[PDB]
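> As a plain string of letters, each chain reads:
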Amino acid sequence: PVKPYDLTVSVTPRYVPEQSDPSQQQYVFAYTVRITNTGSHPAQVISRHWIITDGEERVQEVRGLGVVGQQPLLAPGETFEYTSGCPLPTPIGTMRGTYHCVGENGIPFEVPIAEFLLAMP
Amino acid sequence: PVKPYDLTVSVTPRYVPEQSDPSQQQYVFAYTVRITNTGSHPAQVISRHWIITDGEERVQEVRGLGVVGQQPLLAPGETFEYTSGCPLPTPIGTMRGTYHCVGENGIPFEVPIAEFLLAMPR
Amino acid sequence: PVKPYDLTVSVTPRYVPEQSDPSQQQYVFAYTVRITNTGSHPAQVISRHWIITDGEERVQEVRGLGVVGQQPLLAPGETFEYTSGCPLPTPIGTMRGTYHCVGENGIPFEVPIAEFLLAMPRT
Amino acid sequence: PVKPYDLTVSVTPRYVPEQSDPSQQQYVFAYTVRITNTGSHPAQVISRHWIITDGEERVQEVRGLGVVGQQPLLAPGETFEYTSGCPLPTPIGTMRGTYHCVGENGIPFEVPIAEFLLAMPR
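Residue numbers (PDB author numbering), protein chains in the order written: chain B, 7 to 127; chain D, 7 to 128; chain A, 7 to 129; chain C, 7 to 128.
No lab work stands behind these hints, which were simulated from the structure alone. Mixed in with the good hints there might be a few duds.
Pair ranges (Cβ atoms, derived) [unchecked claim]:
id, chain 1, residue 1, chain 2, residue 2, range
1, B, 40, C, 31, 48 to 58 Å
2, B, 91, D, 24, 28 to 38 Å
3, D, 113, C, 128, 31 to 41 Å
Heads up, simulated DMTMM-like pairs for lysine to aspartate or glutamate below, C-alpha to C-alpha not over 20 Å straight-line [claimed, not checked]:
id, chain 1, residue 1, chain 2, residue 2
4, A, 9, A, 110
5, C, 9, A, 24
6, D, 9, D, 116
7, D, 9, B, 24
8, D, 9, D, 110
9, C, 9, C, 110
Partner residues are not named here, just some residues of chain B that face chain C (Cβ under 10 Å, in silico) [said to hold, decoys possible]:
id, residue
10, 48
11, 52
12, 55
13, 58
14, 69
15, 72
16, 77
17, 104
18, 106
19, 110
20, 111
21, 114
Here a beta-carbon is modelled for each residue, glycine too, at the ideal position from N, C-alpha and C.
Starting from the given sequences, assemble the full structure and let the hints guide the process.
Below you can see the structure in the form of structure tokens.
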């Protein structure tokens with residue numbers, strides 16, 4: 007059952023009309039991420055890798071350190087959640103990526119972020 | 007126009023019966039905060055100050071670093087949210103406070119938290 | 007004595023020949039900062055402001071968050087030290103700045119960094 | 007040419023008599039570390055792994071996050087230094103390890119710490 011090092015991620019995308027203009031191919035989505043330490047030991051999120059694909063198969067990548075300027079050391083059971091934006095020239099698209107993390111024992115590990123869909127309601 | 011350093015804060019309280027004994031004035035509210043970067047430049051949340059006021063005008067202050075152990079550096083457009091609790095000896099009260107923040111330029115600035123109220127859904 | 011929130015900073019600059027060329031007006035110095043919590047409560051380093059001045063009075067400013075991409079919450083007594091570089095077209099110059107910090111009680115405060123000079127080994 | 011992600015590590019051991027007892031075979035060594043960004047891009051130290059060997063080839067390992075509670079993000083040319091201790095049953099031994107790091111681009115890489123020795127000055 008329980009694992010020593012496990013982090014669970016849930017992402018809920020949503021279109022934002024309030025600041026989008028499909029008339030000129032301006033689509034703005036907002037995805038809210040929920041990282042949850044589901045393992046038996048503390049673990050820290052280090053870096054993030056993102057792959058956003060267009061409605062026309064146009065790939066774009068983002069790489070950086072930490073999530074919203076931090077690399078939280080999550081105790082087993084706690085959560086960390088933020089919401090960031092994703093612009094697209096098409097009304098639909100996908101997003102998939104990776105969070106690079108590390109257990110308290112220092113050994114790094116990867117927690118994949120399942121590819122999800124993005125489209126107007 | 008648009009400000010270079012600005013963060014808007016919204017809170018949603020909600021009484022929690024399952025862990026409060028009104029029989030002994032032990033009221034427990036849960037609150038969620040949404041800090042969103044409205045300005046045009048990256049900004050970060052450093053420390054908080056809460057002034058929770060009692061139904062009988064009794065006050066209790068809280069002062070510490072970060073929010074639920076985090077000091078998010080929110081890019082413009084990004085938002086960070088957390089849920090925390092608040093005890094009260096009365097079924098209604100108001101929480102108000104400040105967040106001490108700093109822009110990507112390292113300069114500190116304050117973002118006030120508007121006085122909102124906590125009340126039993128009853 | 008012994009204040010509630012206090013951080014003392016010591017900086018030791020040093021010209022670096024191995025990567026400097028005075029014939030091209032390329033002077034590279036390395037300063038080593040040493041932050042020490044000299045107060046009764048923990049405190050955290052948040053941001054830094056640097057004013058570097060030229061041998062010809064030419065100013066340059068650097069502002070950013072943290073020190074070495076970190077904002078250490080120093081326990082009373084512990085220290086944090088790193089060394090960063092400082093390029094200059096002149097063989098001498100000064101550096102003066104500010105660290106913006108915050109006590110564990112969330113109250114912010116500033117620990118000023120006294121103006122020191124940079125010059126080649128001799129003067 | 008010059009590497010994009012490269013960190014150089016140097017250590018200076020130092021026996022500490024006033025904090026050890028040879029008689030009881032309790033040898034205490036202090037050691038300072040200098041990590042310098044020799045690469046062309048910013049890099050950060052995340053976690054450490056140490057393998058300290060005994061004069062009698064007795065191993066002892068250590069694994070943790072950060073270096074003395076810090077995970078410096080060194081701009082190229084910058085360096086971070088700290089001092090820790092190392093207990094020993096013998097008056098001589100070696101310490102060798104690894105630092106797990108990440109480039110500003112988030113990709114993790116490893117910077118090894120070459121085996122160096124600890125020994126009483128006498």
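> A separate judgement is required for each hint: does it hold in the structure or not?
A quick look at each hint next to the structure:
no.	hint	result
1	B/40 <-> C/31: 48 to 58 Å	holds, 52 Å
2	B/91 <-> D/24: 28 to 38 Å	holds, 36 Å
3	D/113 <-> C/128: 31 to 41 Å	violated, 54 Å
4	A/9 <-> A/110	holds, 14 Å
5	C/9 <-> A/24	holds, 19 Å
6	D/9 <-> D/116	holds, 14 Å
7	D/9 <-> B/24	holds, 19 Å
8	D/9 <-> D/110	holds, 14 Å
9	C/9 <-> C/110	holds, 13 Å
10	48	holds, 9 Å
11	52	holds, 6 Å
12	55	holds, 6 Å
13	58	violated, 16 Å
14	69	holds, 5 Å
15	72	holds, 9 Å
16	77	holds, 7 Å
17	104	holds, 9 Å
18	106	holds, 6 Å
19	110	holds, 6 Å
20	111	holds, 5 Å
21	114	holds, 6 Å
Hint compliance for this structure: hints 3, 13 are not met, and every other hint is.
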